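Starting from the structure of chain c, add chains o, l and r with the ligands where the hints point.
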Amino acid sequence: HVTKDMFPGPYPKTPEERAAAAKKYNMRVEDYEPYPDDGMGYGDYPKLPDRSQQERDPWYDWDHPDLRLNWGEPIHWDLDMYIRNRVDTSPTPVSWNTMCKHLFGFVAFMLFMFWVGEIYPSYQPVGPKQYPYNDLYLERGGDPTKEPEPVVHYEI
Amino acid sequence: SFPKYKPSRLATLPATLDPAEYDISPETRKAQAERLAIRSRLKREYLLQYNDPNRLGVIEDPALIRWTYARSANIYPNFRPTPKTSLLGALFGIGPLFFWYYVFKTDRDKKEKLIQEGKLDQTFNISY
Amino acid sequence: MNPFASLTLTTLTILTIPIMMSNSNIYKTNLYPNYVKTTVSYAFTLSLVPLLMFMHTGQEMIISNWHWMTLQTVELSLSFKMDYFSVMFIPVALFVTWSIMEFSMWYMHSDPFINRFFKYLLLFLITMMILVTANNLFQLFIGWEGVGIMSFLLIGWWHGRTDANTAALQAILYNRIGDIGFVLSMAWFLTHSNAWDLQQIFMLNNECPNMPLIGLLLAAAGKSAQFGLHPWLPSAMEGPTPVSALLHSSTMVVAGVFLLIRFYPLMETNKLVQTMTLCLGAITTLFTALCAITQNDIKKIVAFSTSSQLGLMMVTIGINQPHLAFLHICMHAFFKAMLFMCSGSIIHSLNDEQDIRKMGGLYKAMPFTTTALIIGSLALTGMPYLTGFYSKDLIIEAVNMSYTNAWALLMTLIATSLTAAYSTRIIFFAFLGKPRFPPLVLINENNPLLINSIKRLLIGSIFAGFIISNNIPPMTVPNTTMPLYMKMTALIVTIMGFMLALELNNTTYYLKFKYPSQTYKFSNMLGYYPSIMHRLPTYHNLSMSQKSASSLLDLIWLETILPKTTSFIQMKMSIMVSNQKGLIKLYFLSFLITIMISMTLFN
Amino acid sequence: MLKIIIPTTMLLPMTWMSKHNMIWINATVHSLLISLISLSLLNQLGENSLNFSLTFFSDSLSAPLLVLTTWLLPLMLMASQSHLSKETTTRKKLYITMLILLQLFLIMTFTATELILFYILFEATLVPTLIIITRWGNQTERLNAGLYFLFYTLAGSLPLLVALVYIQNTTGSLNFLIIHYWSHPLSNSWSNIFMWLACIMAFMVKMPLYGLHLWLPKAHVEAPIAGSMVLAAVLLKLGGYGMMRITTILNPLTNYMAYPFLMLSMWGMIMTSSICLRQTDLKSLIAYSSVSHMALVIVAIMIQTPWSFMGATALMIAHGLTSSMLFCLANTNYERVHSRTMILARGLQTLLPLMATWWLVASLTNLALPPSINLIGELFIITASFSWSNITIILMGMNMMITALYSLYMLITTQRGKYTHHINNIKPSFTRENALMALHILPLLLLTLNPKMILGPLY
Ligand SMILES: CCCCCCCCCCCCCCCCCC(=O)OC[C@H](COP(=O)([O-])OCC(O)COP(=O)([O-])OC[C@@H](COC(=O)CCCCCCCCCCCCCCCCC)OC(=O)CCCCCCCCCCCCCCCCC)OC(=O)CCCCCCCCCCCCCCCCC
Ligand SMILES: CCCCCCCCCCCCCCCCC[C@@H](O)O[C@H](CO[C@H](O)CCCCCCCCCCCCCCC)COP(=O)(O)OCC[N+](C)(C)C
Ligand SMILES: CCCCCCCCCCCCCCCCC[C@@H](O)O[C@H](CO[C@H](O)CCCCCCCCCCCCCCC)COP(=O)(O)OCC[N+](C)(C)C
Ligand SMILES: CCCCCCCC/C=C\CCCCCCCC(=O)O[C@H](COC(=O)CCCCCCC/C=C/CCCCCCCC)COP(=O)(O)OCCN
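So the protein lines, in turn, are chains c, o, l and r.
What the first sequence shows, in PDB author numbering, is residues 31 to 186, in sequence order.
What the second sequence shows, in PDB author numbering, is residues 2 to 129, in sequence order.
What the third sequence shows, in PDB author numbering, is residues 1 to 603, in sequence order.
What the fourth sequence shows, in PDB author numbering, is residues 1 to 459, in sequence order.
The hints are simulated quantities; they were obtained by calculation from the structure and are not laboratory data.
Take the hints with a grain of salt, since some may be wrong.
Said to hold, decoys possible - EDC-like mimics (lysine to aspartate or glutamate), calculated; alpha carbons at most 16 Å apart, straight line:
id, chain 1, residue 1, chain 2, residue 2
1, c, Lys-77, c, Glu-103
2, l, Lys-271, c, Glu-148
3, o, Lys-31, c, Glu-60
One chain only, chain c, in its complex shape:
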């Protein structure tokens, strides 16, 4: 039960055309800004702010409380990206750049120190363990018809 005019249309250079589209999408004429006329097929669809959908007012009486949406309002091109079940752009207590710097620094320092500790291992002042029968030759692999070189152990 929807007319042809209601459906999305190609990006319009003219102001009169722009005004018609802004009225169609139920938003103010100077509040409407389409995607740039590039090769991609956005056409005549408003470029709503990339503001997420988790951080909408949680106390407003939305028509769809779970999605935080109102009936009839324009829908973001990437709503399925922001449904509170996926990526959200909620402002964080610490800046994004400093968060990335701190996390990368911690991980890199941990890796470097693990490698350094691998270079300088830790052990105890003991000699290698001694096993009686030719370093347990028969019990490790077998091959009894080869008569391996016999290793003797030094009592001290």
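Positioned in the frame of chain c, the structure of chains o, l and r with the ligands alone reads:
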């Protein structure tokens, strides 16, 4: 003085730290009035259609249908071949294929060469 | 004859009867939770017998009853392995599950779908039993996926809550990342050793190469919530308290460590994988302990404690002491289930409040709960001659005297100090100060179910460590002689952590206020790992899923190449051909032209 | 075989002389009876085949597909019983006639001891499908979808006819037994390369291969429910069955002619799995899932190892059943909602619990959960590709993770959450839909007990 909060794409500027609503002019108040007016008009229409005892169906949402049509069936008619679109298409649709072909071809060539030399130790490799 | 096999199969069989009866009439009454609890108790008391027989003789057995299918030279059969690990882990898991079900009969009395909750718990228990007793890699994979699916179903217990669905999907995502490595290992083992059975795998692989072991380590990291894939375990607390007490505390999360234990004959033969798993365990235990230091939600703190213990047993695997890791699994089950049950008791008594900022004086208000929590915390920190001691003390001793990485040594020591510190934080902030809960005091624990369930695990966490330690044959070379300063390093570092945490927590009484430092913000926000890693990758991937894959390639260029170009060319040719004005002058001129062309060309 | 073909033919006079209010009952009963008769074909032997006569033969590859084809028709009738309530008797009888003709053509196709007869019926299966899509379709795009489905298939399959008649002229026979016994190597030449391309492209277009899959989302979205299930369950397996039958004469050229198709499939599985994540439609999401699974089957067939073939057959059967179930569930949702949009109706688990259970089971099966035959085929193909090259595991694991992600996304968006407020026509689910879901799912959990029945001739 305190360190400044620098917003990013995935951490947007908070409304409280935003400076747009501190430089208030009468036209801004008029704009907010019009926004609230159209929002209330839509809300009144929805509520009138929603509490009707005679209605026994789903309230058709023009916004949802418009969004679905824009996402699915309106991409090609607004598509134009441009250097950006052409380059992105060529890259993202050709590069991965040839990259994976080169990787697998090199791996299989190395494996076949090792097989021909016989230095692979394929013992117990019964199932294939 | 030899009741070992009969009883070891009968326990797993009797665990299944209520699932069959779930379509009967008893499912529609209020008798179902008690029915399931009694069934689990009977299964535990029946499975207690093979443990005694193994202790007396050293019985080991594998049963391959049903032959599923043969693929040329490979045979897949329903094979159960009943070695030391399985016969010892059956009773512990059944005991913990029995206590948790009895606790849930009180915690979840108001839930309309309580019967479904108990059925889900039983299904998870059955799947974990299958995973533990599995003998070939396919059955192990069956259990591996079943426990993950049950965790997904139980995390999102409340469908209305969006965070529950988010946490469930996150857990599934990380478990699939681990399953990638699991499947890699399975495929390598089949294509090289020609068998998924553990016996042939052990025999044919004297020097196991790097690839299957790296795959197994990736799977263990995925399911045991190591540093690379840790956040799903702390995020899995959106489910009911009994679920997080049984699944994501002591039984399901030790599946990766158990997988690494099961393949210990191959682990010893490789040196790079041992180093990698030791490093992973060290980094993850330090990171989760550091995060737990400053957490404010009680369940979050205990979840991070669980993650730290998981990292500690991964470290134990790294220094090539798998049996010690199994022992620590057994002890940690007891006392961590205790801690979660006490936390659930507090939460229910304080009207579903979880922040420790609103828990005040409960040392006198809830005497049994505080005594149980104190005993559990002292066992966790490693108090001598308790359940946690017999495992953790030996872990630290063996780690101190092995040719291992030094940074792992330091990280483990700091991690156990921080363990003591956050145990102190829990006790001090939830049982010592003045009350801070709302005025309507609804404190009540006088319910036989809760008291009995707590006291059973109390007796367990007091005596089971001693009993198990002294009632099993030796499997590791003892560290008889050690330096005195290094002999006490665990106790000294634990006492230092206690003192430092208490002294720093007592300073919150002083009437001074100061903005947090960068270290506090880093530790409270979980190293900023959940933020960035859940916003930078996901978004980008999803972006591509709509930009490159869906619109640009499928809807634009793939359409332009084959169908649209053909349509355009045929339309243009049709327009060109069919556009004739109907003049016979042009027709006959073309006829003359073609007559001339055929006359001079085709001859 | 005629004990199967003859009753299917007699279904037509049975339907056309039935009473106006008893066509569905008779068609369902006799279709189920026919399925029971088809069960006898499953008992294959380790030797050559069940060579019934000079025209029809049955193998252990044809037996599972034949049983699935005969079993699908009652489900198609129960699915179509809903939206054909307000249809005249003649048009309902024509619909049942089209379904019966489709089943008969598929049954004659799957045995088809001679390759030209196989091709003739393989293209004959195209007319009833096109009529069903373009006649009993709701949307106005059914015409374009029908044109795409016709032309994508026919353009690929037309060179196949020339290749087949050429092979008959040189080899001298197209009987599959003679073709298998007298097979000779194909030399590396341009003519042989183009013969390979002609013989392969006709089946790769129908599977479909990534890059030629544009017809499948349109055909699946615009078709009615029965057309959707017959497309997703059986009509996609025609290409794979033909490819596994015809790769016996393309050796050893395939050893290096499989690289473009292997790369295309191993990347298109990832691409379509990612596409499924960002989808505003349910039927489109299921169609793209089918494309991903069929790309995996293409990889398996092109590897050409015994484990590859076994996994390919298992995945064929499992994906057919799972996709049919998912399309059934989507149709039941669409009938009440009348919108066909994923986020328009939410939280349906609170209102319809048993349908939520069916949704969960279907999603778990699609998620390739052990020990279901979905994972059996998946894992066999994974091991075979790992033997082919150790680096394929990266792509396959990525596909597995994305598959789990989009399956649980489909479950969560439509079942969990808070219900939509402005929808008050969600009537309780009928017995017909519950029975349809049960009959879809129970054969899967039963076949997981006897995998050897669906593992193909190389078992
Ligand atoms: C062989 C000799 C054996 C003897 C060895 C030595 C004996 C003991 C020596 C003592 C050593 C430290 C003991 C004090 C611990 C610190 C406590 C403290 O002062 O906190 C207040 C203060 C800030 O607190 P606030 O903001 O005022 O708190 C707000 C309210 O109080 C809000 O308060 P609230 O109520 O919300 O919660 C308070 C909570 C919140 O407190 C926190 O904020 C947590 C932060 C403290 C954790 C640090 C402890 C261990 C650090 C390990 C780091 C691993 C490497 C990481 C590398 C990162 C690289 C970027 O604090 C606590 O609950 C207790 C804190 C933990 C104390 C108990 C355990 C500590 C003893 C174990 C450590 C050393 C003994 C090892 C034993 C083994 C023998 C070797 O913390 C600090 O200032 C940080 C001090 C240490 C941070 C080191 C990292 C600096 C990195 C800077 C950049 C470097 C260059 C990187 C270049 C990279 C290039 C790629
Ligand atoms: C306790 C018992 C447990 C097991 C019970 C198993 C029962 C199985 C019943 C299902 C059978 C499936 C159908 C099998 C059809 C394939 C075989 C069929 O084609 O054979 C035909 C024969 O079919 C039978 O004559 C008729 C069977 C049809 C009915 C099967 C039983 C169930 C029918 C139920 C119909 C509805 C019942 C009433 C509902 C109201 C022709 O045989 P023919 O090629 O010459 O044999 C040559 C070899 N000879 C010479 C040695 C014989
Ligand atoms: C788009 C969606 C998918 C559609 C289907 C895609 C699959 C079609 C791709 C065709 C597969 C390969 C075709 C040819 C393979 C032979 C190997 C050859 O290409 O490599 C070199 C061949 O050199 C050059 O490639 C010659 C051919 C160059 C002209 C072919 C067109 C290349 C680009 C066109 C792409 C268009 C594809 C889609 C058309 C609509 C090796 O040189 P040489 O060893 O001496 O000759 C080997 C053959 N011998 C031994 C018999 C003599
Ligand atoms: C969804 C759209 C897909 C379109 C598929 C169309 C491409 C199919 C592949 C080519 C089809 C034509 C092949 C010819 C049929 C095979 C017959 C044969 O093998 O005989 C050869 C003949 O080989 C040929 O004649 C081939 C000529 C090809 C002419 C038509 C070209 C069509 C387009 C070619 C490029 C397409 C390839 C990639 C297509 C990808 C899909 C778009 C042997 O010649 P002899 O006479 O016996 O010589 C022996 C003595 N020396």
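Structure-based check of each hint:
no., hint, in the structure
1, c/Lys-77 <-> c/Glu-103, "holds, 14 Å"
2, l/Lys-271 <-> c/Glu-148, "holds, 12 Å"
3, o/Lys-31 <-> c/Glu-60, "holds, 12 Å"
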